[PDB]
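Asks: Single-letter residue listing:
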Amino acid sequence: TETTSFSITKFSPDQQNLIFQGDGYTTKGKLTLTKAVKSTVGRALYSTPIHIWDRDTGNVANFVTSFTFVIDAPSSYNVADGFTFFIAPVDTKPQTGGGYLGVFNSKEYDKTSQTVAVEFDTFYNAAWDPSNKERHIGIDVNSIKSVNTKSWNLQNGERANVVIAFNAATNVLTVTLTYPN
Amino acid sequence: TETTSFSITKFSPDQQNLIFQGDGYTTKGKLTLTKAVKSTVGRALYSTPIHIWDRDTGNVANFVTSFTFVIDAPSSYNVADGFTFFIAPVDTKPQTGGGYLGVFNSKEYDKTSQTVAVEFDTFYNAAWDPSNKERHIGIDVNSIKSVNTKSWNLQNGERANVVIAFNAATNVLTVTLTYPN
Amino acid sequence: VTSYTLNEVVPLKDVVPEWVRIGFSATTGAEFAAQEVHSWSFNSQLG
Amino acid sequence: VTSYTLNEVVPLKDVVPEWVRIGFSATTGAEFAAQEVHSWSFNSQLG
Ligand SMILES: [Ca+2]
Ligand SMILES: [Ca+2]
Ligand SMILES: [Mn+2]
Ligand SMILES: [Mn+2]
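Protein chains in written order, with UniProt numbering: chain A, 31 to 211; chain Y, 31 to 211; chain C, 218 to 264; chain L, 218 to 264.
Check the hints yourself; a few may be wrong.
What the hints assert, rightly or not - Not close to chain L: a few residues of chain Y, all C-beta gaps over 12 Å, as computed:
1) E32
2) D44
3) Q46
4) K137
As the list claims (entries may be wrong) - Heads up, simulated EDC-like pairs for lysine to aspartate or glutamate below, C-alpha to C-alpha not over 16 Å straight-line:
5) C:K230 with A:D86
6) A:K175 with C:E225
7) A:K58 with Y:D44
8) Y:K60 with Y:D44
9) A:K175 with A:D140
10) Y:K141 with L:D231
11) Y:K40 with A:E138
12) A:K58 with Y:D84
13) Y:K68 with L:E248
14) A:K40 with Y:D86
15) A:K180 with C:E225
16) L:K230 with Y:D86
17) A:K65 with C:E235
18) Y:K141 with L:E248
19) A:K68 with C:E248
20) Y:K163 with Y:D140
21) L:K230 with Y:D84
22) C:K230 with A:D84
23) Y:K68 with Y:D53
24) Y:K180 with L:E225
25) Y:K40 with A:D140
26) A:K40 with Y:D44
27) A:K60 with A:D102
28) A:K175 with A:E164
29) Y:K58 with A:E138
30) Y:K65 with Y:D84
31) A:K175 with A:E138
As the list claims (entries may be wrong) - Residues of chain Y placed beyond 12 Å of chain L at every Cβ, according to the derived structure:
32) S136
33) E138
34) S161
35) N162
36) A190
37) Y209
Just so you know, these hints were derived from the structure itself, not from any lab.
Where a beta carbon is used, it is the ideal one built from N, C-alpha and C, also for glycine.
For reference, chain A alone in the conformation it holds in the complex:
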């Protein structure tokens, strides 16, 4: 039996148990991944490696994460590219930016990626995004093209609460996003 658990409700200028990459940094109690500037990437990883399955037992972990984030764009029609929560190998580095969101390199299934991501995608990339062109939540498995998407209305400058949960018995990954009004 391994477990692991942690809670941060305010980020220190010196958050030593995070790894920052790109423009990632902490300022004011908060974790900033990008400011509102063109063509940039930020990531932040929790520093400890998690044991997610065991080759020996074939057990897989149950897990739940929750977080609050804000997207703050100059308007409803000037917003890109979006935001992920991702799970990846221990030595992960930023991948292609722009609509590949810092996590993937192609819309083709790339089994070397070994990355699962939940995206909150704010920009229609015609090559892979759902054709209704709306903004959306997706489950991504080794690809920028989601296996499943939910249309979602961005509320600009508002705090969303996300919970993401994985049931090991069922292999179901659930994502919920909530706004106050």
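Fit chains Y, C and L with the ligands to the supplied structure of chain A, relying on the hints for placement.
Replies: Relative to chain A, chains Y, C and L with the ligands alone:
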């Protein structure tokens, strides 16, 4: 607010959230600091930095640790040097070996050491140990010469359960060691 | 209150290594925005 | 059950840095023994 929890009830031969120093390794579900070999040192750190106080607020953490250990010596009268739980700066590596238990270099107060240890000391070092020559539990702050010791009867090859608790309200550090019989 | 829920079966043991790091990413392009996280909680249990 | 308890005031703020690592150490000399840990758990709450 900021919290951290973890439980390992059983050690993988590849425990990527531990740092091993010297001989420390995992075999067979367990964490081995030393074999029954002489003049040796082992250490294992939890990989993630812990946020123990906050310069901002001068808040200090409450913490509690629980662990099970076994000392296995050839005989009740051939046993050295002992075992510690310690807290140290993130960059800590092994200090002096033998009676200094891999954590300290002097019996004099060294505030550059910035290390608190809880020692389970199985061998009498005449230079600093309690005069009664008994094995003992000690609290160590920047020195191998404990600020408080309790006489301890080693039960050879028996699992001991330890709890160590620190009450930030009070700055009292509490140690408990239990044997089943 | 406004919410959105999505589920999918993901066979993690078949996609990710036994050990992983978890994290957030964000990017901007020609169009851009600030992306910030205010709090983060996490718990898992293996076995 | 044989139990032993020890208490001491340790002013943590004045001794260790804000960020720390925790861990175990054991050493042998001319006399020697195996030192080993079967399970470990830890909780910490700042603020
Ligand atoms: Ca997109
Ligand atoms: Ca000694
Ligand atoms: Mn998309
Ligand atoms: Mn001593």
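Asks: Confirm or reject each hint.
Replies: Evaluation of the provided hints:
1. Listed as a non-interface residue, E32 (chain Y) fails to keep its Cβ farther than 12 Å from every Cβ of chain L; the least gap is roughly 5 Å.
2. Listed as a non-interface residue, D44 (chain Y) keeps its Cβ farther than 12 Å from every Cβ of chain L; the least gap is roughly 16 Å.
3. At the 12 Å boundary, the C-beta of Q46 (chain Y) stays outside the reach of chain L, the nearest C-beta of that chain being 15 Å off.
4. Against the 12 Å criterion, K137 (chain Y) stays outside the reach of chain L, whose nearest CB is about 16 Å from its own CB.
5. Simply put, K230 (chain C) and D86 (chain A) have alpha-carbon atoms about 12 Å apart, close enough for the 16 Å limit, and the pair holds.
6. As the CA atoms of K175 (chain A) and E225 (chain C) are separated by approximately 14 Å, the hinted pair is consistent with the 16 Å bound.
7. At most 16 Å may separate the alpha-carbon atoms for a hinted pair to count; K58 (chain A) and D44 (chain Y) exceed this at roughly 38 Å.
8. A threshold of 16 Å between alpha carbons decides the hint, and for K60 (chain Y) with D44 (chain Y) the separation of about 11 Å falls inside it, so the pair holds.
9. A distance of roughly 11 Å separates the Cα atoms of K175 (chain A) and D140 (chain A); the hinted pair therefore holds under the 16 Å criterion.
10. The straight-line distance between the Cα atoms of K141 (chain Y) and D231 (chain L) is roughly 9 Å, inside the 16 Å bound, and the hint therefore holds.
11. A distance of roughly 39 Å separates the Cα atoms of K40 (chain Y) and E138 (chain A); the hinted pair therefore is violated under the 16 Å criterion.
12. With a CA separation close to 15 Å, the supplied pair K58 (chain A) and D84 (chain Y) stays within the 16 Å bound.
13. Between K68 (chain Y) and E248 (chain L) the CA atoms are separated by roughly 6 Å; this keeps the pair inside 16 Å, and the hint holds.
14. Restraint check: the Cα-Cα separation between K40 (chain A) and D86 (chain Y) comes to about 12 Å, which is no more than 16 Å; the hinted pair holds.
15. Annotation: proposed proximity of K180 (chain A) to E225 (chain C) holds, straight-line Cα distance about 11 Å (limit 16 Å).
16. Note on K230 (chain L) and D86 (chain Y): the hinted pairing holds, with a Cα-Cα distance of about 12 Å set against a maximum of 16 Å.
17. The straight-line distance between the Cα atoms of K65 (chain A) and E235 (chain C) is roughly 34 Å, outside the 16 Å bound, and the hint therefore fails.
18. Under the criterion of a C-alpha separation no larger than 16 Å, the hint pairing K141 (chain Y) with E248 (chain L) is inconsistent with the structure, at around 30 Å.
19. Between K68 (chain A) and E248 (chain C), the direct Cα distance comes to roughly 6 Å. Compliance with the 16 Å bound is thereby established for this hinted pair.
20. Distance hint between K163 (chain Y) and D140 (chain Y) is unfulfilled; the C-alpha atoms sit about 25 Å from each other, more than 16 Å.
21. With a C-alpha separation of about 9 Å, the suggested pairing of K230 (chain L) with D84 (chain Y) holds against the 16 Å cut-off.
22. With a C-alpha separation of about 9 Å, the suggested pairing of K230 (chain C) with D84 (chain A) holds against the 16 Å cut-off.
23. Between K68 (chain Y) and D53 (chain Y), the direct Cα distance comes to roughly 12 Å. Compliance with the 16 Å bound is thereby established for this hinted pair.
24. A hinted pair counts as satisfied when its Cα atoms are at most 16 Å apart, and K180 (chain Y) with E225 (chain L) qualifies at roughly 11 Å.
25. With a C-alpha separation of about 34 Å, the suggested pair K40 (chain Y) and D140 (chain A) falls outside the 16 Å cut-off, and the hint is violated.
26. At most 16 Å may separate the alpha-carbon atoms for a hinted pair to count; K40 (chain A) and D44 (chain Y) exceed this at roughly 33 Å.
27. With a C-alpha separation of about 14 Å, the suggested pairing of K60 (chain A) with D102 (chain A) holds against the 16 Å cut-off.
28. Using a Cα cut-off of 16 Å, the hinted pair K175 (chain A) and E164 (chain A) holds, with the two alpha carbons roughly 14 Å apart.
29. A C-alpha spacing of about 42 Å is found between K58 (chain Y) and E138 (chain A), which places the hinted pair above 16 Å, so the restraint is violated.
30. Taken as a hint, the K65 (chain Y) and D84 (chain Y) pair is broken in the structure, with Cα atoms around 39 Å apart against an allowance of 16 Å.
31. Under the criterion of a C-alpha separation no larger than 16 Å, the hint pairing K175 (chain A) with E138 (chain A) is consistent with the structure, at around 8 Å.
32. Listed as a non-interface residue, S136 (chain Y) keeps its Cβ farther than 12 Å from every Cβ of chain L; the least gap is roughly 15 Å.
33. The beta carbon of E138 (chain Y) sits about 15 Å from the closest Cβ of chain L, which is more than 12 Å, so the claim that it is off the interface holds.
34. The non-interface label for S161 (chain Y) is consistent with chain L: the shortest C-beta to C-beta separation is roughly 18 Å, beyond 12 Å.
35. Every CB of chain L lies more than 12 Å from the CB of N162 (chain Y), the least distance being 15 Å, so the non-interface label holds.
36. Consistency note on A190 (chain Y): stated as away from chain L, yet its beta-carbon is not over 12 Å from all of that chain's, at 9 Å minimum.
37. In this structure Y209 (chain Y) is not separated from chain L by more than 12 Å, as the shortest Cβ-Cβ distance comes to only about 4 Å.
Checked against the numbered hints given earlier, this structure breaks hints 1, 7, 11, 17, 18, 20, 25, 26, 29, 30, 36, 37; the rest are met.
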